[PDB]
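Next up is one chain by itself, shown in structure tokens, the form deposited without its partner chain.
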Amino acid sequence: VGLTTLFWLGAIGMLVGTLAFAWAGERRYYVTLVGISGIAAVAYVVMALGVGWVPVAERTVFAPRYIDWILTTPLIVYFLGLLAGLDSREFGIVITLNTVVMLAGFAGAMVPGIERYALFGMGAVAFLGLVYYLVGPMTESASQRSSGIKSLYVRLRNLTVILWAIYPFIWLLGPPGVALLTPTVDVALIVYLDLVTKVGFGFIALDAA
């Protein structure tokens, strides 16, 4: 099982999700889910073709992964913000916090020296602030909606919080960090997480609709 095989698997999974969401497509929600998995599909194909594998010191960094995350994770937060009924100002805070996490990870991965752990730490701090907004203010806000919408928000929120919290550990234990986990295992774990936090996320929304 090679890296390219794992990338192709993620590509196929994202593509199936993309077509499923487009078919089922309230247009805003369905269009967002197409963007979430559609962008990831492209990133995985590019990586499957061997494009964007950047050598850094003694590790290999996958640049398309971080461009993907920077564009798709704010769309996931946007989806959750619509469910919770955020005003346009609360959106700005959480999307700003999200972008800090994603940019810090991208920069830390691309830096060869130990300064990269300083960048990782900053993303960790901003992530804790993002979790606070999901579990607190956004949950208060979602409470004002129908019982079914509130229930859907809580289920997507917990899926999001629990799984997103695993990524920094995979990053740190993998090549970008202490380089303990091997690239193949590290990639396999992230392909699984990407698929669940995007396509699984999406199908839980379809089921409730």
Contents of the next structure:
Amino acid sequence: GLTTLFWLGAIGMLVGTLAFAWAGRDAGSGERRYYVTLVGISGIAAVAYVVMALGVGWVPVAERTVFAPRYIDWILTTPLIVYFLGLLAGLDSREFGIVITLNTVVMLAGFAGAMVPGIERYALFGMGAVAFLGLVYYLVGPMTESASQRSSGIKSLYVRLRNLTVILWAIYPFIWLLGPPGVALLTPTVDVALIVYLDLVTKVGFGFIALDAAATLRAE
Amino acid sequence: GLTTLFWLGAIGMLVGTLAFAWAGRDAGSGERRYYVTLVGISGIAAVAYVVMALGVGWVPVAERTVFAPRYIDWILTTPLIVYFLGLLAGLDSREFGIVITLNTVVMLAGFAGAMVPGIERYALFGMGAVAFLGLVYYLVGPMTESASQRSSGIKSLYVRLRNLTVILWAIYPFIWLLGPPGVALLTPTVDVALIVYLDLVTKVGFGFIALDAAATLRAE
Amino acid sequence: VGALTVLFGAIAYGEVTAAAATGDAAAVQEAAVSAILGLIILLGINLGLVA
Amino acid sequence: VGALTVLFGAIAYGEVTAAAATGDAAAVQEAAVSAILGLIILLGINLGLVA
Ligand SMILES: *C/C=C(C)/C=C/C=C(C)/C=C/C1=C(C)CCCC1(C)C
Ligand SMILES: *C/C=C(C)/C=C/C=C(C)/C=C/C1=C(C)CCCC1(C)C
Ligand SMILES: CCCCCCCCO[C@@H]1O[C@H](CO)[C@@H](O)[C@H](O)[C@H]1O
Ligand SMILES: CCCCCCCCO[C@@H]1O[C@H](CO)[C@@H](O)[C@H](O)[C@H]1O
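Having seen the form deposited without its partner chain, I'd like the form solved in complex with its partner chain now, please.
Below is the whole assembly, all chains and molecules, this chain first.
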């Protein structure tokens, strides 16, 4: 059932949240923000999944079913993931503002489009899709250049997290298009199952990869 | 359609046959047998696929459809693949006799079982399954030990071809069990498609890997 | 990746079977196309993670 | 592996659709379970080849 999948997502996010919180208990003044950011990313996702598991935020409309908490979660957590990537890359305020702006357009577009019946939802998707390409450009270009100015360990971690992010985030728009929000070829169950998997990897997987590099970064 | 898949299998085997034949045109007296063996492996498979593509050898019985040419092909070509592996390993007559015997039991069992309606076909499968484990033991044990006495290049090629063989051959019994010969959960079309893929890899893929190592073996 | 694929498959199978219990060929077809596309997407996900 | 998976998927979809054209839910279910198990097996094959 959908509720079982939502609960599994919630449990997965909670386990991640607790792991990141504990892992950062004795973090230094320079690592602190990273652990706290990870806690926020999986923590908010955990709330969203619990809400959906309780059957709240389900929007069965225009003969399809979309989930408001999913998109609200994304709007709030993806910018924190970009913030984490930005911190590693060593961005200044201006640069942060640019990528957060692009990221926000992507997420707001997917949210609005998912709630809009009719072909107009594809225009909203398009807006998000273009903003996304701009975001990927920044992650692979300017931000990678910026990260290259830091330690070898930071550059390596940035690249690892950047690749996971670009590659997997690129999959979400296809699920949006093929799933309930779009042509609805994927059923709600299959749609939710794929997103639970992607979300856990992009947030919890992302986090454990960072945790696994912490010791090496301190040593260098 | 099934005929289209059979033709694709036939074309794939023919391309392989021609490539191996041409590649061995100027082979030395010590490499000769290897090229000729490869030609026989894909050559016989090509005939089997053409026969099936022409709609010959189709056995729609006991509410299932099995293909006699598939099993006849296997009975004749798998022992040549084992012979090729045996040549690389440097086996003597006795050792060759052992693995060819085991191999033959596996193939005859699958053939007989595929043609037998009723639960008795599972006993035949069992006979083949046990013989197969014995064959894998020889390939990974005695034969690998024997190959280790030859050049580094031969040992490496043996190991590469051995791994491809053990891993992929291990998949055929599951397709036999889940496909038409067994519980029939896989339709004839899906069954044939998977076998065309496996056959091309285990024969043509196998061959190109050998061809790709030829120059290195001559140089050492 | 292997275990998950089987898990996803079981979930997809569950939908196909539930759809079949209705006797509506159209419902089964919907669940099946969803399962097929989903499994294909699952491969994309698995591959991306590995890379 | 990626292109082949899509090719296999198209073939599997072709069967599901043909089965659907009959209106028999049972026939569609048979084609779907076959497609699902087949795709799972296809992953096993792809993985073995890579390794
Ligand atoms: C924590 C969850 C994550 C990392 C979610 C990421 C979501 C995306 C990268 C979504 C992207 C979309 C587009 C590029 C186009 C418009 C529709 C979206 C929102 C599905
Ligand atoms: C050229 C085609 C090849 C390499 C065929 C290989 C076939 C097998 C390894 C078949 C094995 C079987 C068993 C281990 C159990 C009984 C049934 C079989 C014949 C499907
Ligand atoms: C949970 C994963 C934590 C990874 C720790 C990454 C630490 C990156 O490195 C830190 O960046 C800070 C700037 O934001 C600097 O002030 C610190 O001196 C530097 O060590
Ligand atoms: C098509 C792929 C060909 C690979 C060539 C493998 C050659 C193995 O090596 C050959 O083995 C022979 C014994 O059978 C020896 O007599 C030869 O001296 C030796 O070079």
